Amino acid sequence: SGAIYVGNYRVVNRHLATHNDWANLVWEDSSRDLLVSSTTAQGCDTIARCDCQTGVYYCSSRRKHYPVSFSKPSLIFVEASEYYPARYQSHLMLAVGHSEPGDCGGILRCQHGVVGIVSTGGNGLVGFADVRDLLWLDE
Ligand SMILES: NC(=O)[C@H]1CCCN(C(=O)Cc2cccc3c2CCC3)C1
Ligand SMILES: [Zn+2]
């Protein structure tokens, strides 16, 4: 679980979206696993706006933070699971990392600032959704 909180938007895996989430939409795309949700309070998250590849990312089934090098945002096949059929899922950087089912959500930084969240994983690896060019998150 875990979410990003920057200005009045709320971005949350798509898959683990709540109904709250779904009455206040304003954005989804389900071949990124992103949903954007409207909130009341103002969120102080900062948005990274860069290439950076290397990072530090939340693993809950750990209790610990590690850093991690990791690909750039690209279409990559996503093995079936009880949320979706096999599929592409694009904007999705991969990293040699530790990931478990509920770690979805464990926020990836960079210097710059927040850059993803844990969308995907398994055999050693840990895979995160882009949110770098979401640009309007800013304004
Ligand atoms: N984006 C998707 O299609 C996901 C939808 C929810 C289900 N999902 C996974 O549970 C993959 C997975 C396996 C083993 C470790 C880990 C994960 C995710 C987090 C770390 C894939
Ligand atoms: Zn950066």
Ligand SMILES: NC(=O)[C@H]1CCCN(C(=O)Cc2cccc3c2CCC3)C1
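Heads up, when I say rigid core I mean the largest set of C-alphas that superpose within 1.5 Å between the two forms. Residue numbers count along the first chain shown, from 1. First, how it differs from the form deposited without this ligand.
No residue in 71, 81, 46, 30 other than 81 shows a CA shift of 2 angstroms or more between these two forms after fitting the rigid core.
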Given for the second form:
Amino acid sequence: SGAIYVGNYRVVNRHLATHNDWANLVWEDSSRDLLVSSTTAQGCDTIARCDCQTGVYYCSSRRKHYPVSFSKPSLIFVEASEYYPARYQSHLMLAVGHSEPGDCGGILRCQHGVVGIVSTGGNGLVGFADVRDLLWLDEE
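Switch from the form solved in complex with this ligand, shown above, to the form deposited without this ligand and output its structure.
No partner chains or extra molecules come along with it, only the chain itself.
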């Protein structure tokens, strides 16, 4: 589990979005495994605006943050998981690291702020859903 709280926005994994998220929808993409809902209180997180390929991510199944190198966001085939079938996921970054289903929503951060959240795992990789490209999460 986990979310990004930027301005009046909650960024979550689409597959973990609640009824309240859906009832306060601002934007979803099922190929990006992202959903954004509106908040009443403002959030503490800053979104990275950069093309960094190094950062640190939180792994709840280890209670540990790991420094990782990761690929640039791309369209990638993902094998079946407990929460999605085998499918193409867009805007996905991969690193060598530990990721189980419940690690989804852990932040990846670089020197510039929040890069994305854990979205995939298995076979010794962790996959992150990029948010740097959503410039609107930092704007009105």
